[PDB]
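Peer 1: If you want the building blocks of each chain, they are given just below.
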Amino acid sequence: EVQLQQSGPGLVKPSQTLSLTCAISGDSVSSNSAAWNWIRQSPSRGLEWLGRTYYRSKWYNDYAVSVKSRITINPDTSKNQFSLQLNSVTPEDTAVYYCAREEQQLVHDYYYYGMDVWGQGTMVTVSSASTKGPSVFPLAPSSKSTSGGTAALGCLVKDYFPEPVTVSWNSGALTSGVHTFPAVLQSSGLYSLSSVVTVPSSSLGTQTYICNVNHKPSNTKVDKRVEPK
Amino acid sequence: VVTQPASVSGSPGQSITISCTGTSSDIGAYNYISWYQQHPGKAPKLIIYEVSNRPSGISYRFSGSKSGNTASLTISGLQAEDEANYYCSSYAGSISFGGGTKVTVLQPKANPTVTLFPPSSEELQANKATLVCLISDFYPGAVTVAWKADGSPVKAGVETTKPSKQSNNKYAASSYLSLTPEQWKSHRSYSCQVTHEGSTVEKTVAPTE
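Chains H and L, in that order, give the protein sequences.
Following the deposited numbering, the numbering of the first sequence begins with 1 at its first residue and continues without gaps.
Following the deposited numbering, the numbering of the second sequence begins with 3 at its first residue and continues without gaps.
Next up, chain L with everything else stripped away, as it sits in the complex:
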């Protein structure tokens, strides 16, 4: 069992230090400590080996040290590409990973792009109606999606995803409103409403197609 802080944030240019603490039987046992960097949906990469060694290719912005039963990593000149998960690991016959630290690189606020697709005529012929509301390029990662029909708020049949990190450290989300083809025809308006900080952005579709 090896402790890391769950979450660390920083602004560009600043310097950051991730603690990795364990027992005399895990971290302080030897100096075979390694650090890894992981971007979402990609494999981890060795960025530090033997406490302070930088594999060939890793910037000097990446530093590593150890004191007692706490190894530690440091990122200077925090760039946006440094947003990722980071893990320490230790060799003692068996291999112990720390629980991980998500590192955020702070960015200015951004309002979402919103795109609404009506149901395809193909899905309607299969007795199904899905409205797709795509929300991208917002920051920080928190939105509020409401749906309306002919102006009236709707709750039945809505499924909305958690925000997820894009490759520009902004956030994307998606929201779906499921209906039968009849309800899709029984109204003349459907809307997706996306609120973020102050801004709300609303898009409307109508079955005249």
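The shape of chain H in the complex, shown without the other chains:
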């Protein structure tokens, strides 16, 4: 299994340089048969190729014309990674950025598969506002949240910036009946989000419930115990 571990989400302030790292494991960054690409995606722009770095005896770079003057991709044989740098960012650079491997088949018949393996993507938001961690409030289960022996309980992840937030329950042990709702953009330009698990109300007295809110952009993690009342 070839896997691409990417560089964690955050905020780049305007006019600064964007910098991301893709770490390969299960393949060599200097592969005969590979190329290491960066691709970004925005809801209004779609998938946008940024460029590639490949090693065929010598090292090589292709870039896309819309970024040719602002971009640098940097392989690292030492660490088995390659990096992306984009200068002089503006809100137009807010996007999810992906690293992908372009793979050619060098055995029997040559095949050109394209982007066969993708990193999970890191969201970069370019904004002049500052990162803010969430405040997490318990949405308590109550006999007024039960419908036939089911209880709904939740965490209100309030007033954070930028995105994203990831929410787990009971450190990832509780996954069935979990519903995490996409965030609302408040008129303050801060985000809020709610996450709920449906659980047997008969387990409220025997099972502890904890939502684990991770906000990588602010190196903050909050675990909130949700008790009934």
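Simulated from the structure, these hints should not be mistaken for lab results.
Calculated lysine-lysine pairs in the PhoX-like style (CA-CA distance at most 25 Å, straight line):
(1) H:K132 - H:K13
(2) H:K221 - L:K130
(3) L:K205 - H:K229
(4) L:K44 - H:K216
(5) L:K150 - L:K164
(6) L:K157 - L:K130
(7) H:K229 - L:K130
Start from chain H and add chain L according to the hints.
Peer 2: Relative to chain H, chain L alone:
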């Protein structure tokens, strides 16, 4: 620049075909055309390479062809898991993606589950009051949320999300009513009202806690 239709819909069992059209310098230049499938919040996956090649793991329900300056993808036996974005891409030194096609798998109507949470005593001690109205499991993706206090319609302080695709192709939404702790105490009733097709579903909370 490579054109795809924005949106395609279909019923289970039917067959669908996404057009991908460009120029002699993009799609018709070579036969290095690839198609990708993307579910929301996940990375794209190669499902077709070289116009018609299925990578190992992809069902035969996925077919690919090319004619002239139009490559094209086809999904037979449309299953609910086929709801996703789809993109063609073409190699010519540089790499061009098509604008994307959201593929919907038609489903029967479903009415929403609605859950209303009052403000937590923790948020109230921080001089804040948020009512949270959670709407899930409805189809199609369009709802109307109204809020009322002591029976009277309320517009000040409401923020409601666009519907978003769940993993069962149904839709979720959420709506928040912001108040001060005093207004939360100055009324004896607050309600979230969710309308969808015909049905309306209304839930009420009261500050006696």
